[PDB]
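When you get a sec, could you build the whole thing from the sequences and use the hints?
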Amino acid sequence: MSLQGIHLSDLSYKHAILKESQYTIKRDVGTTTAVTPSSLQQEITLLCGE
Amino acid sequence: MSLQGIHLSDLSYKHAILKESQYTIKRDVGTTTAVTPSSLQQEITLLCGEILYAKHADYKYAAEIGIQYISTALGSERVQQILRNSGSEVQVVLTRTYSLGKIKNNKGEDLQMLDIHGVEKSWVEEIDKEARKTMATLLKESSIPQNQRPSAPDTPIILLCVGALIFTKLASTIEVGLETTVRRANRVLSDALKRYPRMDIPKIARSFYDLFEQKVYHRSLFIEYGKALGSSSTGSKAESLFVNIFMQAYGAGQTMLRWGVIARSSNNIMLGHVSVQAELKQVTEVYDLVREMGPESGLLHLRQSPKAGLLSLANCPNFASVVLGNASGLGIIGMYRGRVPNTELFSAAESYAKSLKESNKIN
Amino acid sequence: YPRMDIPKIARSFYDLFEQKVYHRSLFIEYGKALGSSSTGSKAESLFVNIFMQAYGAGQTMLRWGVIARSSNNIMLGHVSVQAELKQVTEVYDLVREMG
Amino acid sequence: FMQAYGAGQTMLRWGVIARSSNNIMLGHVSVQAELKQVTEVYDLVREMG
Amino acid sequence: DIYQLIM
RNA sequence: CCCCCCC
RNA sequence: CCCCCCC
RNA sequence: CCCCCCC
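Residue numbers (the entry's author numbering), protein chains in the order written: chain A, 1 to 50; chain B, 1 to 143, 146 to 365; chain C, 198 to 296; chain D, 248 to 296; chain E, 10 to 16.
Think of the hints as simulated: they come from the structure by calculation, not from any bench. Among these hints, one or two may not hold up.
[Said to hold, decoys possible] Cut-off 16 Å, straight-line C-alpha distance, at most; resulting in silico cross-link-like pairs (EDC-like, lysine to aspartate or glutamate):
#1 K19/B to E226/C
#2 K60/B to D10/E
#3 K283/D to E20/A
#4 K26/B to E226/C
#5 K14/A to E287/D
#6 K133/B to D10/E
#7 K19/A to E298/B
#8 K26/A to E77/B
#9 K363/B to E281/D
#10 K14/B to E215/C
#11 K26/A to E287/D
#12 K55/B to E126/B
#13 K14/A to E298/B
#14 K102/B to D10/E
#15 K26/A to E298/B
#16 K229/B to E20/A
#17 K239/C to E215/B
#18 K121/B to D58/B
#19 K140/B to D10/E
#20 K359/B to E281/D
#21 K239/C to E43/B
#22 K14/A to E294/D
[To be verified] Listing some non-contacts, in silico: residues in chain B with all C-beta distances to chain D over 10 Å:
#23 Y13
#24 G101
#25 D193
#26 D202
#27 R208
#28 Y252
[Stated by the list, open to error] Some but not every residue of chain B turned toward chain C, in silico, with C-beta under 7 Å:
#29 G108
#30 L315
#31 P319
For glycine and all other residues, C-beta sits at the position ideal for the given N, C-alpha and C.
Now the structure itself:
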C-alpha cells in the first residue's frame, strides 16, 4: 500500500564494502625513501636556509 | 472472518532455504591457477607497463597480468584464502623468477624473466621483445620522462582500470561491454592514452572479459582487491580512478531496483494503479531481502553468485512496466533491453513522466 | 551442443526421481549448497533459478488463494465461503509453522 | 595547513552555504527528488568524521 | 644492445 | 571517474 | 531462468 | 487420498 519499503541505501552499502575489509594493499614493496634522524635537526635547518 | 492469516512469504522462505545450508559445494577440484608473490611486485609492474606502450601481436593474457599484480598487492596467502572462500577448490601456483639464459642486462646480472603458471613463457618474451624494440625505436627517433616508461608504478593500475571498465558491464553482452569499455576509456583513461598512445584498449578489454567469464573466482579476487584499495589511506590518481570505476559497478545486474526507487522518488501516479497495488507486497519483500542481505547484495551479479535471482523483479510485471515507463519518460532508459510486460502501462507512465519533467514546480 | 537429446535425458531424470526418492533430497541439498555459494558459473545460476522455480511445487492452491486475497474478489465474502475461512487460516498457519 | 582541510570537497561547503542562504530553488521539484542522496552524502561525511 | 636499455 | 574559486 | 542504459 | 497452469 505504502512505498516505505522501497528503499535502497546504496551509499551506506558502498562505504560498508570499502571500510569493512580484512585485506591490506601492499604497494611500493621494492622502493625506498630517505629520513633524517632528529639528532641532525640543526644541520638540516642550515641547509633549509641555504 | 478477516483474511489476515492468508499469507505465504515465499521469498523469505526461499532465502532461508538457500542461506541456511550446512553443505558447501566443492567445485574446480582438479584445477590450478597462478599467483605472484608480493616480493615480485616491481618485476610484475614492469611487465604491466610493457603490454601498454607497445603494439603487440596478441593480447591473450593481459588480464592474467593484471590479476598477477592484484596478487602481489594482496599477497599469495591472502589470494589463496580469497579463492577458497569464494567456493573454489583451485590450487594456486606460485610465480617464479627465472634467468632467461645467455641474455645479460645493463646491471651486469642475468635478465630475470617471469614464470607464470598457465601463461606460457614464449608470450612473455614476445611482449618484452616488442616493448624493447618499440622503446629503442622511440629513443632513436627523438631524445622519455619517468611517467612514459614501463617502470612507472601506475601502469598496473591502468591495466586494471581497463579491467574494471569491462567489470562494470559483466551483466551485459560482450559486444556492448567492449563498446562501452572503449568509449569510456577514451575519456576516463585520457591521461594514460596521452602517456601511452598505442595501448590497445579493445584487445585488453576482450582479454579481461574472457578471463572474468572463464575464471569466475577472479571476480571475487577483483572485488577483494577493490575493497583493499578503497580502504587504504593514500594512493595514486589511477588507484582512485580504479576505485571509482569499481564503485560504478556496485549495483550491476540490478538496475530495476534502482529505477524502482527512482519511480518512487518521482511520485509517478501509475504506481497507484490497481494492477500495481496488487503487487506492492512482493516488491516490498524484494527490497526487504535487499536490506537483509545488506551491503553484499550489490556484488551478487558481479560475483555471479547463484543467490542472485532472488533479487529479480520478474514476477511483478505491473511494477516493472511502470518503472520502465517512468525511466523512459525521464530519458533514463536509454538503450535498455528490459522487456515491457504491459505496453499500455509503459506508455502511460512514459507520458506522465515526460509531462512532469517538462513542467517545473516550487515546493 | 546441437544434438543433445532433451526428451530422453528428461525421461531418465523423471525415472530416477520416481524410483530413488532419496535422490530428490540429494537434489534439494545440492540446490541449497549451490545457492549458498558466493560465486558460480552462468549455468549454475540457471540451475538455481530453475530449482527455486520448483519451490511451491504441489501447492499452487495456496498461491492462488493468496492471489485471490490480493485481487479483493467479492465472492470471498460469500456465506458458503465465510463458513470456511477458519480452516483456510489454519492451513496457512500450518504453512507458517512448518516454515 | 588548516586552509587545506576541505580540499577537493568545495561542493559540500557551497551546499551548506546554499542552505544557509535560504535559496528558493532548493525547493524546486527536480531538486526535491534529490535531497535524500544529498543527506546521505552529508551523513557519510559525519560518519567518517 | 636491445636488452641493454634503461627500462 | 573525480577534482577544479578565494583566503 | 535471470541480466541488459549512462556515468 | 493428494497433485495437476506458466515462467
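Going down the list of hints, with the structure as the test:
{"no.": "1", "hint": "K19/B to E226/C", "in the structure": "holds, 12 Å"}
{"no.": "2", "hint": "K60/B to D10/E", "in the structure": "violated, 28 Å"}
{"no.": "3", "hint": "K283/D to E20/A", "in the structure": "violated, 24 Å"}
{"no.": "4", "hint": "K26/B to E226/C", "in the structure": "holds, 13 Å"}
{"no.": "5", "hint": "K14/A to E287/D", "in the structure": "holds, 12 Å"}
{"no.": "6", "hint": "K133/B to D10/E", "in the structure": "holds, 10 Å"}
{"no.": "7", "hint": "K19/A to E298/B", "in the structure": "holds, 13 Å"}
{"no.": "8", "hint": "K26/A to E77/B", "in the structure": "holds, 13 Å"}
{"no.": "9", "hint": "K363/B to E281/D", "in the structure": "holds, 14 Å"}
{"no.": "10", "hint": "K14/B to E215/C", "in the structure": "violated, 24 Å"}
{"no.": "11", "hint": "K26/A to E287/D", "in the structure": "violated, 31 Å"}
{"no.": "12", "hint": "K55/B to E126/B", "in the structure": "holds, 11 Å"}
{"no.": "13", "hint": "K14/A to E298/B", "in the structure": "holds, 9 Å"}
{"no.": "14", "hint": "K102/B to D10/E", "in the structure": "holds, 13 Å"}
{"no.": "15", "hint": "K26/A to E298/B", "in the structure": "violated, 24 Å"}
{"no.": "16", "hint": "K229/B to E20/A", "in the structure": "holds, 8 Å"}
{"no.": "17", "hint": "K239/C to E215/B", "in the structure": "holds, 9 Å"}
{"no.": "18", "hint": "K121/B to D58/B", "in the structure": "holds, 14 Å"}
{"no.": "19", "hint": "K140/B to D10/E", "in the structure": "holds, 13 Å"}
{"no.": "20", "hint": "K359/B to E281/D", "in the structure": "holds, 14 Å"}
{"no.": "21", "hint": "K239/C to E43/B", "in the structure": "violated, 35 Å"}
{"no.": "22", "hint": "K14/A to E294/D", "in the structure": "holds, 13 Å"}
{"no.": "23", "hint": "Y13", "in the structure": "holds, 32 Å"}
{"no.": "24", "hint": "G101", "in the structure": "holds, 50 Å"}
{"no.": "25", "hint": "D193", "in the structure": "holds, 18 Å"}
{"no.": "26", "hint": "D202", "in the structure": "holds, 33 Å"}
{"no.": "27", "hint": "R208", "in the structure": "holds, 35 Å"}
{"no.": "28", "hint": "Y252", "in the structure": "holds, 14 Å"}
{"no.": "29", "hint": "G108", "in the structure": "violated, 46 Å"}
{"no.": "30", "hint": "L315", "in the structure": "violated, 14 Å"}
{"no.": "31", "hint": "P319", "in the structure": "violated, 13 Å"}
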